[PDB]
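As a starting point, one isolated chain is supplied in structure tokens, in the form deposited in one PDB entry.
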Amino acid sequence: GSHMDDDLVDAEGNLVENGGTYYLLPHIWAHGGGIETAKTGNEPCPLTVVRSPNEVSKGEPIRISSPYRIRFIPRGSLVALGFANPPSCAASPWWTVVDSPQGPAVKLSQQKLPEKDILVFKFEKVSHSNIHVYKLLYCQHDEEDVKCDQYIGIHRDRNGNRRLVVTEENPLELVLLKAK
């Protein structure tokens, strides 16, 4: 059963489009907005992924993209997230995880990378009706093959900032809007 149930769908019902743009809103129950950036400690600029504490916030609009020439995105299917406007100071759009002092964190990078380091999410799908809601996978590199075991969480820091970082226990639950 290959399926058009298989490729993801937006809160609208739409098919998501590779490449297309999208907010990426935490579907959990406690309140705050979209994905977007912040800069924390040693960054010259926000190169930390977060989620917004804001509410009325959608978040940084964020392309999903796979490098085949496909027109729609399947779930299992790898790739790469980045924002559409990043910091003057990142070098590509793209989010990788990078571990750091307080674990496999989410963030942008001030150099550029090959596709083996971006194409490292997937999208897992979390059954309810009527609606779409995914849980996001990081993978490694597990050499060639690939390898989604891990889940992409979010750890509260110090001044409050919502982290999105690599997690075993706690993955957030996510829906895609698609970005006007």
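Definition used throughout: the rigid core is the maximal C-alpha set that superposes within 1.5 Å between two forms. Positions refer to the first chain, counted from 1. Compared with the form deposited in another entry:
Superposing the two forms on their core leaves just one of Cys139, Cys45, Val126, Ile28 with a Cα displacement of at least 2 Å between these two forms, namely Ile28.
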Second form
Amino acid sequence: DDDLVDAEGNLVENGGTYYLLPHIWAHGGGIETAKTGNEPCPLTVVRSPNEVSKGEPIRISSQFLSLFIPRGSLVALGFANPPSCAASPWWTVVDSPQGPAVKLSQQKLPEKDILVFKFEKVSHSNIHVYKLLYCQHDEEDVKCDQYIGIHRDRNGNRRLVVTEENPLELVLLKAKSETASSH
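Form deposited in one PDB entry done, so how does the form deposited in another entry look?
The text that comes after this line covers the one chain and nothing more.
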């Protein structure tokens, strides 16, 4: 019981690709990457500030051999099309002066460092909206008492980072179909 559900009432597939969109349309678009600081390529995960964009398709993978993902299960999140310079497509939380930050890595990482997320359903809602928790899984064990929220930087980048109660909410929109063109 209690599996993750997508924007269309359907169960989220394990290993499937989704667009991670905001609950409130007006808050931006989907998830993508940016090149920041001394970075050799786009390794910081940020929310697109443009509402039309669905961002990059994201693979949601859990620790179990199950077709679907139950709430309470730790997940690894990774871009279906990672920046070539990232060792693996998986997101990870790296410390820094400003606080813990979500991002890709240049070196292929261990499972305990990528299986660090967990979705928590939003209370007051007609559809399935979730908050993203970061689970302290480093000092041998795991406690999810931190959230992933946004932090706008100097260049205007809405970077995903751990915060003190400024949780972002997500709606998981299944990926696979469409796009357009000009003339």
